[PDB]
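J.: Residue-level listing of the chains:
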Amino acid sequence: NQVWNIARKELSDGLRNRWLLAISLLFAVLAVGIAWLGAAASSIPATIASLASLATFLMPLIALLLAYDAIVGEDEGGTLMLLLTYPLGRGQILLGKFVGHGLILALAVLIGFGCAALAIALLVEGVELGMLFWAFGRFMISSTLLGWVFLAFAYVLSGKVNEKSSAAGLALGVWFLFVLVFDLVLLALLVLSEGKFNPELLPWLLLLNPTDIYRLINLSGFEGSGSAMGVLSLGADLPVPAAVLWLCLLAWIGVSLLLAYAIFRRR
Amino acid sequence: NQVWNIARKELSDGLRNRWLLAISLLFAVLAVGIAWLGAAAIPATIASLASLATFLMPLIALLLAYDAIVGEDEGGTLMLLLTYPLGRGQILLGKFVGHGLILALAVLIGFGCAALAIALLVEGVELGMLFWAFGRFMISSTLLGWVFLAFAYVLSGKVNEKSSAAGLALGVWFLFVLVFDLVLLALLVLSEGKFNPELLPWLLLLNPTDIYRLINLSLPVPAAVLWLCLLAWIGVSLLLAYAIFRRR
Amino acid sequence: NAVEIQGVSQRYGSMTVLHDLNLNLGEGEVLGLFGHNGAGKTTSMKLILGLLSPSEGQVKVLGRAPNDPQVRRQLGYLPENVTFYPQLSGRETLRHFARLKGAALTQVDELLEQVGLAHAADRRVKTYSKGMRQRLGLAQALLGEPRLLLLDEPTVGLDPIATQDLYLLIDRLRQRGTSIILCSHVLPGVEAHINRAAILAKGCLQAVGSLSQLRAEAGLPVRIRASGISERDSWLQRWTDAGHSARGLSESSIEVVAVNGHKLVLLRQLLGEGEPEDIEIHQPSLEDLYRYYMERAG
Amino acid sequence: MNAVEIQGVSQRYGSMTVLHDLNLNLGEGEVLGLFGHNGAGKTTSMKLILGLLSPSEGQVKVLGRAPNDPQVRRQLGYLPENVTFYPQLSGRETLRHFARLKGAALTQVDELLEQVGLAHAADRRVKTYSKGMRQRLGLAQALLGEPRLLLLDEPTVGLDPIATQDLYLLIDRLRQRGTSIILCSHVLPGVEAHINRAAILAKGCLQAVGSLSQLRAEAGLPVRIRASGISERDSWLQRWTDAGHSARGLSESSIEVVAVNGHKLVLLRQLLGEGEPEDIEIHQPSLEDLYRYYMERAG
Amino acid sequence: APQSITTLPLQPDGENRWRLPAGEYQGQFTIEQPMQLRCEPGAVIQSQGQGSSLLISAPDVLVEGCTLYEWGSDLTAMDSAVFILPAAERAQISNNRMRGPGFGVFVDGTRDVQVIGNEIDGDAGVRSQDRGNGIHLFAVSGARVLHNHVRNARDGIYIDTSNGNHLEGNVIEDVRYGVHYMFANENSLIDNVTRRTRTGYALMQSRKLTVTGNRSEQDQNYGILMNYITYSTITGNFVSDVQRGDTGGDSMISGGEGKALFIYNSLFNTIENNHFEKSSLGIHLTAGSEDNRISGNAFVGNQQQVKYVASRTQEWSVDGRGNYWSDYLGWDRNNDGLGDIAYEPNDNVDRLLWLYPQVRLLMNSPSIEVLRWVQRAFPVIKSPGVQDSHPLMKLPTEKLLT
Ligand SMILES: [Mg+2]
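Protein chains in written order, with the deposited numbering: chain D, 2 to 43, 50 to 274; chain E, 2 to 42, 51 to 227, 245 to 274; chain C, 2 to 299; chain B, 1 to 299; chain A, 28 to 429.
Zero decoy hints are in this set.
Listed below are the simulated DMTMM-like cross-link pairs for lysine to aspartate or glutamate, each with C-alpha atoms no more than 20 Å apart in a straight line:
1) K171(D) with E81(E)
2) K409(A) with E396(A)
3) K203(C) with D289(C)
4) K203(B) with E57(B)
5) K131(B) with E154(C)
6) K61(C) with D21(C)
7) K131(B) with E154(B)
8) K264(C) with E274(B)
9) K131(C) with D82(E)
10) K127(C) with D82(D)
11) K127(B) with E81(D)
Derived CB-CB ranges, DEER-like:
12) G299(C) with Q115(B): 16 to 24 Å
13) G231(D) with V251(E): 50 to 58 Å
14) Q71(B) with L110(E): 29 to 37 Å
15) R274(D) with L106(B): 40 to 48 Å
16) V262(E) with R297(B): 49 to 57 Å
17) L106(B) with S15(C): 41 to 49 Å
18) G133(E) with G191(A): 49 to 57 Å
19) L117(E) with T313(A): 47 to 55 Å
20) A66(B) with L117(E): 44 to 52 Å
21) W20(D) with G96(E): 33 to 41 Å
22) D346(A) with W211(D): 31 to 39 Å
23) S213(C) with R274(D): 40 to 48 Å
24) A66(B) with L125(E): 52 to 60 Å
25) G178(B) with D110(C): 50 to 58 Å
Computed far set for chain A versus chain E, every beta-carbon distance over 12 Å:
26) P29
27) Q38
28) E51
29) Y52
30) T94
31) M105
32) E146
33) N190
34) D201
35) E213
36) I217
37) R234
38) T239
39) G275
40) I280
It should be emphasised that the hints constitute simulated quantities derived from the structure, not laboratory data.
Note that beta-carbon positions come from the ideal geometry of N, C-alpha and C, so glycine has one too.
Work the whole structure out from these sequences, hints included.
T.: Here it is as structure tokens:
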């Protein structure tokens with residue numbers, strides 16, 4: 002298939018990016034350090056809520072470092088106009104780049120949370136290996152999906168711009184807005200209104216931020232204190248179940264990939 | 002003098018940088034937004058402005074001048090400029106005047122709108138203390154920016170490509186703002202038997218972000251030693267940048 | 002009959018940036034499109050590749066549609082400037098393009114030696130010169146026996162030993178039966194290797210045909226200079242009797258601007274009377290013909 | 001009075017000498033072409049004429065002075081290859097910047113903007129410029145002041161053939177005034193009509209210098225005489241083979257003779273005396289073939 | 028040393044009630060008979076500067092309306108103004124003016140003594156080291172000292188081992204200690220006002236006592252100091268603007284930067300509905316004093332709210348209702364009085380400053396501001412502190428500012 006033949010390039014081109022391997026080893030040496038400090042103090052719902060915030064700062068960062076120069080980095084490099092004269096479509100050299108860069112994030116978090124589990128089973132004596140594999144299996148198949156959202160965000164902001172220096176400004180803008188501005192605008196809206204703006208609409212704004220849907224998935228079982236959540240304490244007021252919370256994260260991929268294809272179709 | 006004829010270029014080229022004008026606007030809003038929460042909610054708000062201008066004035070200086078030398082070598086204009094009647098000293102010092110007056114203006118839009126938000130929202134601020142504490146603030150924020158301007162000329166002249174220049178400009182910003190003080194705390198909270206705490210007021214002199222805060226928090247040395255050690259960080263690193271630029 | 006463009010008048014933005022070009026290309030000829038870097042030449046280049054839609058007209062590449070995958074395996078496109086993938090190597094870039102075009106994987110090792118790049122194989126494209134990337138850009142164009150090359154300035158940034166060797170590699174493929182289109186702007190020198198030029202200007206294809214037709218349909222002077230003549234003062238007059246202005250710049254530097262309508266009697270004028278030293282018969286080059294037709298269009 | 005007198009330089013980096021025993025003498029109005037590979041043979045000899053490097057075993061006398069004086073560089077244009085200027089600056093402000101550095105008057109900026117054909121695209125940014133649009137700007141800073149030496153390193157890349165012919169019409173306007181310039185180019189067909197004396201040089205040495213009539217006389221290269229239907233191709237192809245010259249019968253009804261250009265005065269007499277010359281083309285051995293010969297003369 | 032019968036008292040009523048007219052007197056005086064003596068307002072009974080001026084040795088003596096001046100200063104021989112013997116049970120000392128360099132009201136061994144409504148101006152020139160005590164109480168059971176006015180004495184109302192007694196509504200101004208407590212088990216004190224004092228309330232080793240409604244206006248370095256108090260009740264106290272300073276003698280405590288409440292080894296006590304306002308430290312909790320009901324207070328305007336140098340967690344909310352914090356940047360979605368997120372008053376970088384004072388030079392750094400944000404993002408590095416689930420949103424002490 003032609004979708005895999007261009008995936009084998011990006012799987013072998015993203016792994017030679019030295020800026021990726023720096024901040025993907027930084028994700029590995031921090032997920033062990035949080036889990037080592039989480040083992041000497043004991050707690051259990053605090054070491055889950057800190058890993059999900061660690062992958063909130065880094066799995067959008069590795070996704071936006073990969074794919075900000077996916078379309079416009081090939082357009083000004085000349086190799087995009089050449090590629091359309093190969094037997095391909097615009098839907099195959101985009102979905103092929105998404106599978107190729109998606110297996111890197113599926114491997115960058117399998118390295119990160121993989122050694123984090125071995126720094127718990129060899130550190131916390133008497134831990135439940137069934138509960139460890141299930142909780143960190145929920146961390147593995149949902150930090151990819153958070154990564155695949157910001158991968159699909161970067162294909163939107165690469166097809167729209169026409170210069171790679173302006174694509175790096177927008178990719179830094181998307182990383183600042185979704186990670187640590189939308190969590191602070193919702194915080195500043197709740198303090199200044201003292202929770203009396205809307206008592207039923209305000210938990211639904213967590214679903215308009217995929218990092219907040221990511222944090223709500225992993226903190227489903229390990230609730231604990233309220234300040235362990237903080238802004239995520241609104242998620243107990245959401246009447247939606249857990250299975251739809253998986254489905255709105257998959258729907259955040261498919262809308263922002265169909266937007267990435269409809270932009271690229273009129274490039 | 003041709004040190005000014007190349008400085009008018011860098012004023013005209015630096016003020017049309019889209020990356021600079023985004024951060025310099027973001028510096029001026031956050032200098033108002035800290036001043037908004039310090040008057041409605051003056052040494053308590055001039056300390057939070059010192060932590061703000063320690064974040065962004067190294068970042069403004071490193072965004073301007075990381076591609077001053079190696080951005081002209083990759084563009085080919087550096088090879089053209091050396092064939093002009095121009096020494097290598099006048100190119101570097103003329104870029105330092107041109108990039109220097111940009112962030113000497115970015116604190117006048119930065120703190121010129123922050124001091125306007127203090128003098129008109131306290132109503133009794135006693136402005137005779139304001140115009141000397143902000144006159145000492147705007148002067149010392151330029152000198153912090155002129156250190157990281159001269160740091161940017163050192164890393165621009167050493168590298169040969171623009172991609173690894175931004176990898177060093179991020180590394181100097183991480184090391185001199187928030188890695189040097191975290192390893193100062195690790196020498197405190199983990200070492201006490203072999204760490205003399207009297208040595209630590211002299212070890213604060215090896216960091217221009219740290220010398221910046223000490224002349225906004227007023245100590246074995248007087249104030250005038252700290253002014254002459256911040257200017258020594260400019261004059262050594264510019265002489266270091268001139269020694270690197272003469273070996274291209 | 003490889004490229005049969007007929008009746009295409011491309012409109013976009015209701016501007017009509019190309020108009021009614023009838024560009025039939027034979028099955029062994031080397032055509033040259035010689036417009037500017039504006040919407041005349043580069044619009045018709047995108048039509049043959051199939052990545053543009055010909056409004057009001059039909060483009061038939063190799064007897065089929067221009068965007069079919071069965072004919073797009075038989076094309077080869079060398080673009081203008083391709084800094085390909087700076088972190089990939091040389092072999093892995095060409096093996097990537099070999100997997101896409103359906104070419105056999107044994108062709109990469111015999112194309113990195115056919116083009117002079119086996120010393121720089123398994124080396125990263127960031128460590129390549131501009132000429133080495135044009136060598137790599139040619140290597141994906143000859144991939145899997147292409148029946149239609151389309152080179153858009155292949156000899157920029159290239160040494161003249163490689164440039165003369167590239168046109169011999171072009172002349173190997175011309176005898177094999179592969180039609181080549183040379184969209185170029187380095188027009189002196191390319192006239193020895195092309196078969197038919199196609200000067201298009203302001204959308205309208207002004208002139209097409211071989212170099213003998215473009216000199217026949219445009220009266221241009223042949224530039225005979227006879228340095229070292231015996232007598233020159235009557236030779237100011239002995240050429241202008243049939244309308245050839247005997248203009249000189251030295252003791253004997255008589256650069257006779259002729260008319261190319263009296264070629265029998267002017268060489269007999271030179272060799273019948275007066276002894277020469279170094280004759281230089283300069284035919285009207287491709288720059289002068291292009292400066293006639295573009296001036297005739299405006 | 002020779003402009004550039006490269007007097008026996010020998011430039012070395014470590015143990016390797018990248019330019020050995022180069023001995024040039026550019027005249028007062030000559031247009032010289034520094035031809036060779038893109039390696040350190042040509043591009044270091046271009047820097048010794050500038051003030052950028054130093055002769056490790058010689059001296060250069062640009063305009064009778066040292067190459068690093070400010071009086072030299074005020075009358076010395078230099079267009080470098082692949083230049084990309086400050087993209088947020090405008091086209092007029094870049095020339096107004098470069099006129100202040102060379103000491104040229106500011107009334108020469110709008111003259112040179114009209115002269116290179118950049119009046120329509122003035123007051124627009126350099127980021128919205130083409131490749132050939134920047135070559136007009138890079139040529140325009142080289143004409144600033146009253147220059148007596150130009151080093152046009154690849155001036156006609158990405159330029160239209162009207163503008164390419166506009167540049168060489170500006171060269172012959174310039175060299176009549178007395179500005180002896182230096183080409184460092186690689187598109188060898190086209191430059192050969194304007195080069196006064198070529199300077200083909202190898203990896204290390206300087207291979208050959210002299211005019212095109214001196215290169216064709218010294219390097220024995222055969223003339224490419226082409227004809228088409230004099231009497232008949234097949235009845236005349238046989239005649240040069242017993243008489244000892246190679247006559248290629250190629251295209252169709254065409255007699256191409258690759259003659260040794262020592263006898264071609266009288267070889268054309270027998271070709272003229274028996275048939276009509278109605279479509280012939282005698283081509284001298286070009287600079288492309290001369291450079292291919294001198295690369296095989298050493299290497 | 029003469030007696031009270033050696034004066035000229037004009038009897039208003041024949042129920043052992045006397046009335047001294049206006050006119051000066053001299054020397055010490057001694058009460059040996061149960062005489063309910065009153066005085067005219069010009070009865071300035073001025074001693075010469077030695078001895079206890081009005082010694083009382085008889086039970087049921089209603090001293091009223093006197094104006095005392097210049098008694099002794101021999102603190103070893105207890106030169107008081109009004110000395111009350113253990114046999115002088117149920118003495119009433121009502122509405123008196125005192126000015127002299129020794130003890131104002133020295134009682135010992137007494138029961139049901141009443142020191143009501145007096146004005147005891149201590150001194151002006153002595154260095155607050157030999158001024159003598161204002162109202163000294165030494166092991167009395169039943170006493171009722173109410174609404175007096177002690178000014179410029181040494182250590183205010185000293186109380187030593189006195190079990191059951193009330194201190195209601197008395198104003199204490201410009202003294203060393205406001206109210207001193209020594210082993211006073213099952214005591215009580217209501218609505219007292221202490222102004223400009225080097226320690227507002229000394230609570231040393233006294234259990235089971237009630238401290239309610241009291242006010243501390245602009246005292247120095249210690250608002251309420253509690254040492255080793257058990258089963259107490261701290262309800263409704265208003266401690267305002269504890270500025271820095273020093274006590275000048277440094278005997279049992281040291282100089283402080285200003286703490287509105289300093290809890291030292293107090294194990295069980297209910298500290299509710301208080302108001303700690305505008306000090307440098309709102310509350311100092313030592314490591315030995317843990318697990319006591321601290322709920323409903325108002326920690327407003329303090330530069331640092333809690334000082335807790337420990338790593339043990341400390342919940343500060345009994346029955347789901349917590350304290351009001353001025354810097355609580357929280358919301359209230361479900362419209363109750365409580366906030367929705369818990370409030371940690373201390374970071375990890377707020378306890379490195381207490382452990383190592385050289386971090387004050389690094390306290391304005393961005394890396395420290397980074398370290399304040401990483402604790403809010405990564406709770407594994409958060410040391411277990413002094414948080415309270417459900418803090419209050421509004422002021423509960425709307426009445427204490429009056
Ligand atoms: Mg609530």
